[PDB]
Amino acid sequence: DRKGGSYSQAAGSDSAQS
Amino acid sequence: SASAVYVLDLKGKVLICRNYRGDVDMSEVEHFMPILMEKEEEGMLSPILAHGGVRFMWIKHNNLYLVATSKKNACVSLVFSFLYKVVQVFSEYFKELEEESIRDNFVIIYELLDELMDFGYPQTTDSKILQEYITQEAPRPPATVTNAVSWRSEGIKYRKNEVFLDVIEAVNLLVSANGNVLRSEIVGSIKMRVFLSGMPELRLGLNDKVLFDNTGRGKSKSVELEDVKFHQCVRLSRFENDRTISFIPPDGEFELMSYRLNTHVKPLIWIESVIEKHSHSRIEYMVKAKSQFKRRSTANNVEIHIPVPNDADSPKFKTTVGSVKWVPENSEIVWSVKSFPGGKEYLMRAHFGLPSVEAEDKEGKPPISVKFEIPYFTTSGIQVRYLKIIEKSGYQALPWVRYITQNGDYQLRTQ
Amino acid sequence: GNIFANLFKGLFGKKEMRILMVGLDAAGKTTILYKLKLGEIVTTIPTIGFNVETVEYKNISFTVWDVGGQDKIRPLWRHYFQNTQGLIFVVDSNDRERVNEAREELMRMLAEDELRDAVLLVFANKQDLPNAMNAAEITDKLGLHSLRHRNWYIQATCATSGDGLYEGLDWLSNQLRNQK
Amino acid sequence: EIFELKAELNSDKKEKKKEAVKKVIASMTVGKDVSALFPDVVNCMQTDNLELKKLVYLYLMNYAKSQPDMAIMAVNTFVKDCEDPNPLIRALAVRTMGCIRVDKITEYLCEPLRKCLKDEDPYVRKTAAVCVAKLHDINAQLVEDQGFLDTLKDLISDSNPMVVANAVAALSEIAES
Ligand SMILES: Nc1nc2c(ncn2[C@@H]2O[C@H](COP(=O)(O)OP(=O)(O)OP(=O)(O)O)[C@@H](O)[C@H]2O)c(=O)[nH]1
Ligand SMILES: [Mg+2]
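Protein chains in written order, with the entry's author numbering: chain Y, 343 to 360; chain M, 2 to 138, 146 to 423; chain C, 2 to 181; chain B, 14 to 190.
Just so you know, these hints were derived from the structure itself, not from any lab.
Treat the hints with care, since some could be wrong.
Calculated cross-link-like contacts (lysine-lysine; reagent style DSS-like; alpha-carbon spacing at most 25 Å) [as the list claims (entries may be wrong)]:
#, chain 1, residue 1, chain 2, residue 2
1, C, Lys73, B, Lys27
2, B, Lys78, B, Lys117
3, C, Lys16, B, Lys30
4, C, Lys38, B, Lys93
5, M, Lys12, B, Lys78
6, M, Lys14, B, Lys29
7, C, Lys15, B, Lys117
8, B, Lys29, C, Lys73
9, B, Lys30, C, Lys10
10, M, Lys346, Y, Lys345
11, M, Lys324, Y, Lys345
12, M, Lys346, M, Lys333
13, B, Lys26, M, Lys14
14, C, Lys73, B, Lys117
15, Y, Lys345, M, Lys12
16, M, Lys72, Y, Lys345
17, M, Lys373, Y, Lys345
18, B, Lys35, M, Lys14
19, M, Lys12, B, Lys36
20, B, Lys19, B, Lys29
21, Y, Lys345, M, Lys14
22, C, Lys59, B, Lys27
23, C, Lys38, B, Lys78
24, M, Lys199, M, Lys396
25, C, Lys16, B, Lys26
26, Y, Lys345, M, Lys379
27, B, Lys66, M, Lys72
28, C, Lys10, B, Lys45
29, C, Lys15, B, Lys78
30, M, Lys373, M, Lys324
31, C, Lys59, B, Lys45
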């Protein structure tokens, strides 16, 4: 854990925009 | 067009000086201290001084003021930028900014000053890049400085490819004494600690309002940032063409983008404070704090600074939740709350003594400042969509990001 | 006190010694130093300042400090007289008009009470043209034999070829070192 | 004190020479008038270690106007250092040559500036561009005679964007005066 919000993984690009 | 970059001390002693043009005699630094004292004592003190035909424009650091003398009509903005770059380099190299390192790190300090700027025109300002040519504990300069990419050293290899992002929110609210908010600006801050192998070209993607409108999806939750400032790695042309944020992240923690837009939503915290100050007899502090933020969010380390009387003594606190402490050094009531659940309501009833003798001079009305810091809360609604990490060698990156909401210029004007 | 470490160092060679390089400009001093250090005829611009190098031969590090023969640098030879143990003089037999100036400069440099233990080292430079004199005519003209309490040695070296450098080095080693 | 420092600086040991250079730098930074020992430190200049060479160059730059006569014993060292294979040494020599406020020293420095103007190393090119502007500010007539304007103009139309920006800044500074 970590104060200020747990780290979350990010995507690679807009998959819905091609 | 700085003539000589010098570093003074709190007693006026020049800790270190580095002449750049030599058009100004080194003896002019003596009059800088009396000139600064005269300006401060008459209210005319400014960071840009003027010793006759020589101007001493500098800013005050943690322990010394980095005053840089100049004679021609040089760019004051350029001098300020050079001073900021030097301060950042010193902070990267030296963990502390005090006189203990100026007299102990002169061997590397002189080399860094000589290499950073020549003839008043700086050429290199990257601490990470500069750390490969100037060390306090020398090979040829790296090709990164000569190459276009001066913020990403080639050949960097790591066991894993993990990048941690930080969506830091700064809630600045300027509430007037009438109870209305005048200045409510929220400035986004996307800080990432890039630690990967090679020179990946990050392609950041979010649900921007402009991007959504251009793509035709201007109907979902999109952040409308009035000002978006990309870092040096961010290509201005790509962002100007089709809002494409393509840049090479540096090795370490750096500021990539900084959104900045106005906020028209209600404050996450509503503070109802009353001042029943009797005439030299007693005073009452009917302070009520209402959390207008979402209930699912908790404001870790809530610090609502309540300015109490300067001469108040023998105070008694009647609050509901949170630790309330009066600091004589600060002369205010520190409404310290560890965890504040969203929608919580804290009521306080202040009671402190006051001397019979009135004060000789007025002290003003300091504003009440809240220091709420609630992580995992995105008030602006901006969410990261994608981060295209592309490398020539080819690897599977594991990007990470966190959203932290804190109180920025969240000051409340007193009555 | 114990001198076992000094004896061990001297068993395999410990003495290094020093040397000086003075003379008029265009006298083959830079070329001679390059030949002694590297072994090639290197062409360089006139020595505005000075050249400092070292030569390792016979287990002795012969450090040579070249000094130019510029008019503004002629009185600057007194700076190298401090902490100086050797001195080598390079003559210019190809300049008849400059021979008197070189002799006067050598006499002036020899009139210092601090530089007294430095033995004379005369090098016959420019030993490639037929107009060059022998190893005795130059000495007779300069009166090197009239230097009381001074050990002078005249040696002729050819800049293009390099002959006589070994003999001069051996003579310098014999004059400096008085052991087996 | 002063005699001990001079003896340490006139020794054959580098371990004491580095300490003497550091002490001299600290005394000058601490506010000690060490300009009287400028000729003594002139001998201990040609050193293989770059740590003491930078200190010597800084002392000479800070003690150049004070003792211009004693600075005539550094042109040969600068000329020798202006051809070192290491780009850092050449850049440092170029920066120090332009920082010397000597009217009788910039005349002989035109050749090294011309040689370093077309240097392949971008750092060397930037150092030469800065030195050209410094010399032009010091002596505009010498810069005009050396014909550095044509070389500066061609700098913008070449590779190495950092060197191009440095040349543009130097040209703007020259045109400002
Ligand atoms: N061709 C030829 N030239 C020689 C010979 N001996 C001396 N010279 C001349 O002497 C000069 C020697 O210059 P350097 O050796 O580079 O240095 P230097 O002797 O100290 O002369 P300065 O630099 O002017 O003080 C050369 O330029 C030659 O012209 C020789 O044997 N053959
Ligand atoms: Mg020579």
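Hints versus structure:
1. About 30 Å separates the Cα atoms of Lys73(C) and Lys27(B), which puts this hinted pair outside 25 Å; it is violated.
2. Among the hinted pairs, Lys78(B) with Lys117(B) is consistent with the structure: their alpha-carbon atoms are about 11 Å apart, no more than 25 Å.
3. Annotation: proposed proximity of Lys16(C) to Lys30(B) holds, straight-line Cα distance about 21 Å (limit 25 Å).
4. Distance check on the hinted pair: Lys38(C) and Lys93(B) sit about 17 Å apart at the alpha-carbon level, within 25 Å; holds.
5. The straight-line distance between the Cα atoms of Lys12(M) and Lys78(B) is roughly 28 Å, outside the 25 Å bound, and the hint therefore fails.
6. A C-alpha spacing of about 30 Å is found between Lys14(M) and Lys29(B), which places the hinted pair above 25 Å, so the restraint is violated.
7. Under the criterion of a C-alpha separation no larger than 25 Å, the hint pairing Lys15(C) with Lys117(B) is inconsistent with the structure, at around 44 Å.
8. Among the hinted pairs, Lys29(B) with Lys73(C) is inconsistent with the structure: their alpha-carbon atoms are about 32 Å apart, more than 25 Å.
9. Proposed proximity of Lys30(B) and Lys10(C) is supported: the alpha carbons are some 24 Å apart, at most 25 Å.
10. The suggested pairing of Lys346(M) with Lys345(Y) holds, with an alpha-carbon distance near 12 Å, which does not exceed 25 Å.
11. With a CA separation close to 32 Å, the supplied pair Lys324(M) and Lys345(Y) exceeds the 25 Å bound.
12. About 13 Å separates the Cα atoms of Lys346(M) and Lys333(M), which keeps this hinted pair within 25 Å; it holds.
13. For the given pair, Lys26(B) sits about 35 Å from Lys14(M) by alpha-carbon distance, which is inconsistent with the 25 Å threshold.
14. Simply put, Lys73(C) and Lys117(B) have alpha-carbon atoms about 12 Å apart, close enough for the 25 Å limit, and the pair holds.
15. At roughly 40 Å between alpha-carbon atoms, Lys345(Y) and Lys12(M) are farther apart than 25 Å, so this suggested pair is violated.
16. For the hint pairing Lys72(M) with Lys345(Y), the CA-to-CA distance comes to about 50 Å; that exceeds 25 Å, so the pair is violated.
17. Straight-line distance between C-alpha atoms of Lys373(M) and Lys345(Y) comes to about 34 Å, which puts the hinted pair past the 25 Å bound.
18. Taking the CA atoms of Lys35(B) and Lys14(M), the gap is about 20 Å. The hint holds against a cut of 25 Å.
19. The suggested pairing of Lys12(M) with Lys36(B) holds, with an alpha-carbon distance near 24 Å, which does not exceed 25 Å.
20. For the suggested pair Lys19(B) and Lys29(B), the alpha carbons sit about 11 Å apart, so the restraint of at most 25 Å is met.
21. Restraint check for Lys345(Y) and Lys14(M): not satisfied, since their Cα atoms lie roughly 42 Å apart, outside the 25 Å limit.
22. Proposed proximity of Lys59(C) and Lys27(B) is supported: the alpha carbons are some 24 Å apart, at most 25 Å.
23. Proposed proximity of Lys38(C) and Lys78(B) is contradicted: the alpha carbons are some 36 Å apart, above 25 Å.
24. Using a Cα cut-off of 25 Å, the hinted pair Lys199(M) and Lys396(M) holds, with the two alpha carbons roughly 16 Å apart.
25. For the hint pairing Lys16(C) with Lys26(B), the CA-to-CA distance comes to about 15 Å; that is within 25 Å, so the pair holds.
26. A distance of roughly 15 Å separates the Cα atoms of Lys345(Y) and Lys379(M); the hinted pair therefore holds under the 25 Å criterion.
27. A distance of roughly 31 Å separates the Cα atoms of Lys66(B) and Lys72(M); the hinted pair therefore is violated under the 25 Å criterion.
28. Between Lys10(C) and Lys45(B) the alpha-carbon distance is near 42 Å, which puts this suggested pair outside the 25 Å criterion.
29. A hinted pair counts as satisfied when its Cα atoms are at most 25 Å apart, and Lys15(C) with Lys78(B) does not qualify at roughly 43 Å.
30. Distance hint between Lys373(M) and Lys324(M) is fulfilled; the C-alpha atoms sit about 21 Å from each other, no more than 25 Å.
31. Between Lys59(C) and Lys45(B) the alpha-carbon distance is near 45 Å, which puts this suggested pair outside the 25 Å criterion.
Hint check: violations occur at hints 1, 5, 6, 7, 8, 11, 13, 15, 16, 17, 21, 23, 27, 28, 29 and 31; the rest are consistent with the structure.
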